[PDB]
Amino acid sequence: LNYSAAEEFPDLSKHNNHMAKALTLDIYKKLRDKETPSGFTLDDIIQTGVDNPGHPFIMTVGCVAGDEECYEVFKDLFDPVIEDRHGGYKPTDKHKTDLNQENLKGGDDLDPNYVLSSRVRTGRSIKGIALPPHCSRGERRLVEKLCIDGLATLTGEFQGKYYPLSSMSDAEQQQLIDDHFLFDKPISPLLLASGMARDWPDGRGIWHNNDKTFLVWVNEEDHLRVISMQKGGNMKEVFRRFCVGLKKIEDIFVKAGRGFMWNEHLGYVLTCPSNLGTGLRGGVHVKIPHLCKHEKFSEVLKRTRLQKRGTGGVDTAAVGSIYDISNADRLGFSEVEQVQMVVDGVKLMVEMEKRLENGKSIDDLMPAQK
Amino acid sequence: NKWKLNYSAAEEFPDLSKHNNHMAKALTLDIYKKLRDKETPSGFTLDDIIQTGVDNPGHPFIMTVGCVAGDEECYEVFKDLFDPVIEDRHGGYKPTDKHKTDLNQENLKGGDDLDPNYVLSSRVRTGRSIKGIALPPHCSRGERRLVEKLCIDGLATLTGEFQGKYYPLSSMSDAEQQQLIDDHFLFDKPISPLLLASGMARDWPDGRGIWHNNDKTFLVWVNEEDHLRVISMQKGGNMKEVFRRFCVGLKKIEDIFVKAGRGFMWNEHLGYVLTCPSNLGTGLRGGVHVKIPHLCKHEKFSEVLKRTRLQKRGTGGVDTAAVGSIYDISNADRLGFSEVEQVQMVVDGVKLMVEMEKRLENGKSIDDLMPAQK
Ligand SMILES: Nc1ncnc2c1ncn2[C@@H]1O[C@H](COP(=O)(O)OP(=O)(O)O)[C@@H](O)[C@H]1O
Ligand SMILES: Nc1ncnc2c1ncn2[C@@H]1O[C@H](COP(=O)(O)OP(=O)(O)O)[C@@H](O)[C@H]1O
Ligand SMILES: CN(CC(=O)O)C(N)N
Ligand SMILES: [Mg+2]
Ligand SMILES: [Mg+2]
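As you go down the protein sequences, you meet chains A and B in turn.
Numbering of the first sequence is given in the authors' numbering, commencing with residue 12 and proceeding in unit increments.
Numbering of the second sequence is given in the authors' numbering, commencing with residue 8 and proceeding in unit increments.
Since the hints were derived computationally from the structure, they do not count as laboratory data.
Treat the hints with care, since some could be wrong.
[Unchecked claim] Straight-line Cα separation of at most 25 Å, DSS-like style, residue types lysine-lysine; simulated pairs: (1) A:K156 <-> B:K259; (2) B:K196 <-> A:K156; (3) B:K116 <-> B:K313; (4) B:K25 <-> A:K196; (5) B:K196 <-> A:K196; (6) B:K9 <-> A:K45; (7) B:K45 <-> A:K45.
[Claimed, not checked] Sample of chain A residues lacking proximity to chain B, with all beta carbon distances greater than 12 Å (derived): (8) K25; (9) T35; (10) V61; (11) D104; (12) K105; (13) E168; (14) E248; (15) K258; (16) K319; (17) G324; (18) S332.
Just so you know, even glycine gets a beta-carbon here, dropped at the ideal spot from N, CA and C.
Required output: the full structure, derived from the provided sequences and hints.
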């Protein structure tokens, strides 16, 4: 620290990123000497943002949390970043958590002729343990054990087994990856620069019930990545299992003195500020050859508050007209609200694909902006 | 460290069961237990040191060290780990041994003859660290910028054959950068698994750059794997001319920094201190790009390499494969010999490999040419 704040201030002149848009010399001056209980610092928080400039078109977050205290100790940086990334979400705003699956209306009849799969995923962090960008091998192992012992008490349809990555051949791994069940080794320079790939494979693995309809990714982007999924369109069932399983897992952890990080302002606390509130991304793999090329496709996603992406075959990668359409919201909307927008929006897109196949217009179906 | 202290040495001890790297061969639980709570004046810890070796269990083309130093004192404070690592990687260099420099080109015998039909290029490089500034795996942006400043000012005073300009990576277009890379002058994109896992890629390209003369025969990499990497190179096999330019420019550089009150990290035992333990001592890696279609496929290629103490790398550097049968052959050990003795080894070994390729072209035996393990 024999160097001034200005001498140590990152060169962000060519950066396109939330962290870069928020950070100023004053904030750096005031916070560069602070640290969280686990020793995480502002430099640690912004490192990924300094290394990954991102692109003008897409705006990346550019910063991560190394532990729970980061969001309070470095609020001068996270607050404006969160506000900007989350659409105006203010430090005083509160986030509503709703995991009551009975509040969802319909969603069990999505067209199986267009909707090949349905999936609802979220992330969780364990109180008292540093997050992936900063967690020690010991901490990571602690989380792993907690899941192993905790999940081993799940019964019935939630009866399952844990497979540490170290127990799977590179071949078995690829198969699990190809079938959309398992996460691969991080490659994203955004991820790698945060330090979350450390000691990789150690402490990582996957737990899943026998039917592989309920899964828990262990120590990948976050402490826990809980997933519920099936082929088809009953999203209702998917969410149902999601909520029931989630609650079973929370009850066990809470009982073990290790609960999930949460607060009334950010909801569930996770590594990346973009995934705060709910750690939820509910979506379907759907075939929309006509719609994906319709001039209005971009406007419908915006109005339905949905997002698109790519994983082409429910098996195969980058083929066909099979898209991954999911909710865009994270914080400010409740789990039920997000999955409800997925159900409604996906149902409308299907209704649109069909019209487009018949060469008819879709102006008739254009939703209103949500 | 106070936070990890909440966990036992065993809970934090890395699983190196499937690892190959010098760090893994040496690191024991006892050593981890005793050093896990230490730190250097700049804040570097045992975990920081070994991180690259825990992340990188192997390497596609060579045997790696698997640890790095974040500052000068790492080698002393974490002696228990670096000492056997150093003895393993450099053959048998003992912690009680002392390093000796020789920069005097005159002591180099021959080497101005390399069969130009086989040796496409000759190069001699070394690294230097600046006293009082943390090493790349751990340096702050302010520290990195101070190194760049010292280099710009310091190197700007060279003249004539060494007159040069400094080009910061940020002043270079992506195309200019890749040209410099394709031409083997500039360090590659930050892609080396070591550079990445050790934290040496932080804030890239901020503070990085290359300085060189108009002829591009004498260059200095600024802030890459080390503060400075001083290079001398040219197409062809006149290994002696390369080394002369090497010693002369380097000696000049060292005097300029000394005069500016900036000296380089040096100790009686490890010689020149650099990031990777493999680069300590002379920090010199002298070699050539040679075309050995036959020998490289011969079942005794690896053995010839070991007996001669030479290391093979790809045509585009340690992180690449050999292309068009063109291998980067250089001295593999840097502690235990001087720059003259090491450069003499590449010279002798390469001539012998040429002679070896000639045998094989004629379908001859090379068994008689296999020298005793030096
Ligand atoms: N609706 C879905 N149905 C089946 N598999 C899916 C679905 N959505 C995502 N996946 C799979 O999950 C894996 C991770 O995809 P990715 O976009 O990173 O997802 P996430 O961020 O939600 O974890 C991939 O194998 C992907 O194909
Ligand atoms: N003998 C040589 N002649 C020309 N270029 C070389 C030679 N040896 C190595 N290089 C080049 O130097 C660059 C750095 O390669 P690397 O293995 O990382 O070396 P170093 O040990 O100097 O860091 C590469 O572009 C490589 O092709
Ligand atoms: C390839 N290296 C040696 C090693 O990894 O052992 C470098 N760059 N220090
Ligand atoms: Mg993912
Ligand atoms: Mg190199």
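Tested hints:
Between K156 of chain A and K259 of chain B, the direct Cα distance comes to roughly 58 Å. Violation of the 25 Å bound is thereby established for this hinted pair. A hinted pair counts as satisfied when its Cα atoms are at most 25 Å apart, and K196 of chain B with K156 of chain A does not qualify at roughly 39 Å. Pair hint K116 of chain B plus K313 of chain B holds up; C-alpha atoms about 22 Å apart against a cutoff of 25 Å. Restraint check: the Cα-Cα separation between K25 of chain B and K196 of chain A comes to about 17 Å, which is no more than 25 Å; the hinted pair holds.
Distance restraint check for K196 of chain B and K196 of chain A: the Cα-Cα separation of roughly 21 Å lies within the 25 Å cut-off, and the hinted pair is therefore satisfied. Restraint check for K9 of chain B and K45 of chain A: the C-alpha separation of about 16 Å stays at or below 25 Å, so the hint holds. Annotation: proposed proximity of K45 of chain B to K45 of chain A holds, straight-line Cα distance about 22 Å (limit 25 Å). With a cut of 12 Å on Cβ distances, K25 of chain A falls inside the contact zone with chain B, its closest approach being about 9 Å.
The beta carbon of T35 of chain A sits about 16 Å from the closest Cβ of chain B, which is more than 12 Å, so the claim that it is off the interface holds. Not every beta carbon of chain B lies more than 12 Å from that of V61 of chain A, the smallest distance being close to 5 Å; the non-interface claim is violated. In this structure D104 of chain A is separated from chain B by more than 12 Å, as the shortest Cβ-Cβ distance comes to about 31 Å. The Cβ of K105 of chain A lies farther than 12 Å from every Cβ of chain B, with a closest approach of about 31 Å, so its non-interface assignment holds.
Residue-level check passed: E168 of chain A sits 33 Å from the nearest beta carbon of chain B, beyond 12 Å. Non-interface call for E248 of chain A relative to chain B: holds, since the shortest CB-CB distance, roughly 39 Å, exceeds 12 Å. Listed as a non-interface residue, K258 of chain A keeps its Cβ farther than 12 Å from every Cβ of chain B; the least gap is roughly 29 Å. With a closest Cβ-Cβ approach of about 29 Å to chain B, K319 of chain A is found to remain outside the 12 Å limit, as its non-interface label requires.
Remark: the non-interface label on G324 of chain A is consistent with the geometry, its nearest Cβ contact in chain B lying 30 Å away (cut-off 12 Å). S332 of chain A, annotated as away from the interface, keeps every beta carbon of chain B farther than 12 Å; the closest lies near 34 Å.
Consistency note: the structure conflicts with the earlier hints numbered 1, 2, 8, 10.
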